[PDB]
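Coming up is one lone chain in structure tokens, specifically the form deposited without ligand AIR.
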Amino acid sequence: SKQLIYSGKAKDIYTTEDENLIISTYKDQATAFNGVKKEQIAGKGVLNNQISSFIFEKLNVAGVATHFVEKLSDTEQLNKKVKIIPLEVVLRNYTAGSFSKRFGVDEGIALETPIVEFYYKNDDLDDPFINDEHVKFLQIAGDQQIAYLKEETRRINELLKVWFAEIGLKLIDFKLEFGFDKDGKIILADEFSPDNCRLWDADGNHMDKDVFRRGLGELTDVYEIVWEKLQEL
């Protein structure tokens, strides 16, 4: 029992007795594109929290610095408390969704090398897509910081892409958040579940949140499958 700091779409965050520490609670809320249509859909909290806890651990083993300490419940994990960088970092392996729209090209077209993209994590501004100069203007980060957020998201793509391959899923794109820890460094934060990445079945089947949005089945089913496959590592 401790205090609720922030209340999200997918996560409520609580405090502890350790200033630098935070317990994350994954909710059953699901919400669609920016025009937040809201459905609450059972089991989702637990799968997300499992999957995220797993990958994050795997990353930590692979020496990626992150906010993960331990999965504490079905519903909760304990995380290092960081100061969030309002900058969603998207790395794309394949064309899909908003890249596809922006460039009027289909989804499924491979890229090589992969493209990263910043978005201003500002719900009020509808999390707009931005360029490096916009980030500097916003004073989120200068140079050296921008080049770090890239250089490590790529390293993160390289680990993750391999891992999902091995379980027969192609990492189409994902989305990080990073923040500063009590010691000032930058650190992979938030969560890595099917909610913030795209996953393609070797037959084009969507093993991700595009099931809720496009509406091609029930969510917990594909998530369940991904969770099942991950323990193959």
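Definition used throughout: the rigid core is the maximal C-alpha set that superposes within 1.5 Å between two forms. Residues that one form lacks are left out of the comparison. Positions refer to the first chain, counted from 1. First, how it differs from the form deposited with ligand AIR bound.
In this core-based overlay, residues 34-36 form the only run of three or more whose Cα positions differ by 2 Å or more between these two forms.
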The other form holds:
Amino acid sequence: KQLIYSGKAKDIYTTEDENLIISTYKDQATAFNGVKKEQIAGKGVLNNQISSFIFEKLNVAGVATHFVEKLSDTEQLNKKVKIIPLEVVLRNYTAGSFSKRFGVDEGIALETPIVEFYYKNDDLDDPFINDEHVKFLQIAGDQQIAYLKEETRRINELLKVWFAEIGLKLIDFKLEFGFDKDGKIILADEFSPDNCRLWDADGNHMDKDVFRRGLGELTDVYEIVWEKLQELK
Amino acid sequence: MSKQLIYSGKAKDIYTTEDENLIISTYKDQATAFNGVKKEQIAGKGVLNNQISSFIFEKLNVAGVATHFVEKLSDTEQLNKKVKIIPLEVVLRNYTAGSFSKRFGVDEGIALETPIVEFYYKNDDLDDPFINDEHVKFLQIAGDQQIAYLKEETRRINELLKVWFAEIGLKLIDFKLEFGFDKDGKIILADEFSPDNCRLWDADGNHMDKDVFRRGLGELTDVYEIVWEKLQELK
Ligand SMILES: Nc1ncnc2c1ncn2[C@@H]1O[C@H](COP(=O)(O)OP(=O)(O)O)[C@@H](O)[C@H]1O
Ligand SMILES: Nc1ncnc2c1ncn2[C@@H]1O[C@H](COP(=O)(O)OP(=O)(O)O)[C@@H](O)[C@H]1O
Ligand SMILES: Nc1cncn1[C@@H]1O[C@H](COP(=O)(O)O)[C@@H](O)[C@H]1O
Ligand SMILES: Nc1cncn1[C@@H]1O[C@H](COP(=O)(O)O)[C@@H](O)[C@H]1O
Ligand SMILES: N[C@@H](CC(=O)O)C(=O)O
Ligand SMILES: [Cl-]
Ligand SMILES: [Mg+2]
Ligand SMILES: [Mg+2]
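Follow the form deposited without ligand AIR with the form deposited with ligand AIR bound, if you could.
Everything in the complex follows now, all chains and molecules, and the chain you saw is the first one.
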């Protein structure tokens, strides 16, 4: 059907049902906004598998999400939401641009997980923003902002344990949420190694840092995460 | 044993008194921009800043704002209460300008229906990065009550200041505060309030502030002299 949006990582098509979309995961990887864009064979299948797996578990734990089913190698069937243009970032450990903002090593545990908002606007390079900025931008009000925080946290509780159980330290991650057709906020987008940090106990980067920093082949390590994930239940 | 240089800043030196709790702040003829890049000595800047700051703090004190100000003491110096600084630059915007304008790719000079408060962690080595409330806590700078007190006091201070500069024809675009714990552990307003840490436009959009130095739009002491001349008419 029709291409609604062509992203850096996914293409979004319509279905015959108004409220439903098909998300198609691309073999494209990007870093730093640009440049740093590369086609990587089989990255879309891995990411679609990993995301379909996590969302299914989230659905089972009672998290409201856009996930309905995985459909092919590359595609999944999703609830259509109106996206809240925030990247909601949760950190358990210092890493990346938090290590840069505060001049501190990566890998220091944070006694309380910190959530950060970034305005999802590529033209602005998704700047870091505060709650008053959220309101200014008319993105969400006080209650909804509180809701986004508390839901991201509850989701972190689940995920951190699951990854722990397969031996990966969930350092940080990035969520997006959206208004469903009945105006409820639900989790959407994707949860892949594209938008989380995963270290093993030896500190190996089992995520997109491998690509950002040129540490090795992206799909080898994504494949390892996939294999580990299937040992869950 | 009365007068020791506790600290040398970009715009003020601070010295001991014989009274433990009191400090003399000495304003300097030095201007900086882009955390240390464009550094110039500017004759007369120190007295203007000391003058404007002495003035505004005195009016703040009379309005009931707890501050560090005791008395202007010479052209250059002022007698302050010694605080333990809260390393946060608390910024309030009334209008869009500067790095807000950049962050949101929006023009300078748009009115903000509600004034916006922003924290920058006051650390020169990290270039005073923008931070959120949870970052304040991670940093162990202040807990939830103290954070809301900072906001609520900056806002009230804004309510006064915006009215005062209005009465003499300048629009108060934005400013930056610092606060600190006093000898009794209460939070008070400290540092300086001068055109160095506020934006001031006249009705023609003229820059009556440090932007004149930053953007190289005219001689700095000329403009600050103008603000000083106008402030004396609220007197
Ligand atoms: N369930 C959904 N309904 C509608 N739009 C969605 C949904 N999930 C994700 N989107 C949007 O689809 C696009 C997916 O493309 P992606 O490649 O991830 O975008 P980006 O380049 O912003 O990372 C994003 O704009 C994302 O917010
Ligand atoms: N009442 C006070 N008590 C103690 N220290 C203060 C007080 N007011 C200001 N300071 C500190 O004096 C220092 C010197 O001032 P300044 O030149 O403005 O330094 P900066 O380069 O940090 O702007 C600043 O670090 C400031 O926080
Ligand atoms: N995918 C994404 C896009 N913007 C941020 N992230 C994710 O959010 C976390 C925080 O990243 P950073 O430290 O670079 O801000 C990392 O897991 C990163 O993949
Ligand atoms: N003086 C200072 C040092 N750091 C911030 N400021 C002040 O903070 C306000 C916001 O500036 P910006 O938009 O550049 O963050 C301006 O009035 C500016 O002088
Ligand atoms: N990096 C984000 C989206 C983006 O900023 O382009 C993600 O992985 O979903
Ligand atoms: Cl920032
Ligand atoms: Mg994306
Ligand atoms: Mg200063």
